[PDB]
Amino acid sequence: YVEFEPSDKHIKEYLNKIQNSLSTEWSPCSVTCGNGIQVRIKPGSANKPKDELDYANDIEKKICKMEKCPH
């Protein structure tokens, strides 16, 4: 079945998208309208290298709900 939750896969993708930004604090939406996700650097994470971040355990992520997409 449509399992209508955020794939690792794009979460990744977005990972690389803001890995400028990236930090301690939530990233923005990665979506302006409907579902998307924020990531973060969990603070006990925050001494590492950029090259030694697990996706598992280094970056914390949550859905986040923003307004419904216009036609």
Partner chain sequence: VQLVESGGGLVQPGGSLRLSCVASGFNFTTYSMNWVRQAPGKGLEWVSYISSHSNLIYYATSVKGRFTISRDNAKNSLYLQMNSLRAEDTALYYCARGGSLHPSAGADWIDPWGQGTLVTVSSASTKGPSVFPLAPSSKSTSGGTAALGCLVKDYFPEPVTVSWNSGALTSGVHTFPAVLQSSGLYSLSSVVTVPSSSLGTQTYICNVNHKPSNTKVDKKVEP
The other form holds:
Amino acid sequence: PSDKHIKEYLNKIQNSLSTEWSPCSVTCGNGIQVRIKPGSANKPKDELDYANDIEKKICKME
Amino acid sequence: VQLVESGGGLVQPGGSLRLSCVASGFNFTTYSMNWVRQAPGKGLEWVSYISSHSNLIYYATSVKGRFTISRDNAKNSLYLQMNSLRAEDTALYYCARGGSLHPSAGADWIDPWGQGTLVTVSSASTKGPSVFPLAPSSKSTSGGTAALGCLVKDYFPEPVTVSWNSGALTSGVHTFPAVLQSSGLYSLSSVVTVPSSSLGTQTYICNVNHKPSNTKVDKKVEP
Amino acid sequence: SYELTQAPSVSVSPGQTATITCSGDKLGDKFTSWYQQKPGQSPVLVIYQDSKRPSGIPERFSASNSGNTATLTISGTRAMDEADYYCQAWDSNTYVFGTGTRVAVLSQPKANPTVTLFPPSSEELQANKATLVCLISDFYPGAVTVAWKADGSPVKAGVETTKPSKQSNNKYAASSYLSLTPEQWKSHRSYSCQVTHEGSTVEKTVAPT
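I would like to compare: after the form solved without its partner chain, may I see the structure of the form deposited with its partner chain bound?
The next block holds the full complex; its first chain is the one shown before.
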């Protein structure tokens, strides 16, 4: 999952962005979920640094 | 969605200026805002960035230490304090909206932009033009038509307007864009093409107006 | 600092496809945006995130970004697409713009300039000034080269020439000025303004009379 695609997924689901893990980027294959790192739940979303305040991890499927 | 800049004007090197931008048509408290400038006839140069709650600020190397970005989200306003101004800060300053997520997260474009506010930083003082006649001649006679004009010389700042016969003569009138000399003053010319058969009988007057210096000039142009 | 490079100018016939380049050391790793700017207007977003179009933008626009080159393509270029196109990216907490590519759409037939040259006024000479005015009108495309001569010799000092400007009838106009002393003006027997356009050249000549 490219960093471009993670960022693209971020912008699409930004309104649903939360500390609870996102649904997954894809239904088939390997994707990504994302969430706001809990220490950053109070920050306005345009002030969440991608590197520090957003958690990702793979979402492995077939 | 509208972004209305103001506060632009003329000033001398070393001076200071405060630009404003009033946003409407969207939720100001969820978008990062930017200043981009454009020197006359040149390219786009980003200036500064401000996040929605002013906790993340960035400046271009060219402005760091002299300009300061600020916003007042209750007044839906974006400011830029400009200090220690230099000649090359002469540009149109656009207030343009950033992304609803941090640019590091992909929201890294600018949309929309404002009409801008002009900032001219110059050593020159306001001065009215001298108006000289460009007289019709044998060398200006195109056969049937003839050309005459007015040279509007050594004024600052822009703009000047030129009418002919106080506006009655509109056909054949070409007023050209102003050139800027090394001196820091502008010059332009306005040429009107007229029937060569009546140059000795019909009267042509150019009316120059330089609102900045409150100078109006009428110059008859005869052969 | 990161540099995005662009060709200064591109010219395309209506209905042809235009390609505007934009280089960067590894621009493929960055999202590229494209902006369209028409004379006297604010820029407008036409591409965000390499290829996505802000709906509001015709389908004939489309963009790519791979390796070290992003590319805005305009198929079936219309006249209303004539404008300056800027690429853009994000780097080191900075927005970076390319130099811009001025796309000209050749929607008019070639037209060669009319050149009018005036000598200095008697009034200006009484002001111990001397300005030669060379006015260049009704040409297309909007490009000319101007060359001043004194008794046949090339003159570069004291010359100020404007860029071309679209006039009411979508042709172009320009002006060139030669600043002299009244002694210089009278020392030579003739001065000349030479205008080149699409290979064809026009030259007028004045002299102290």
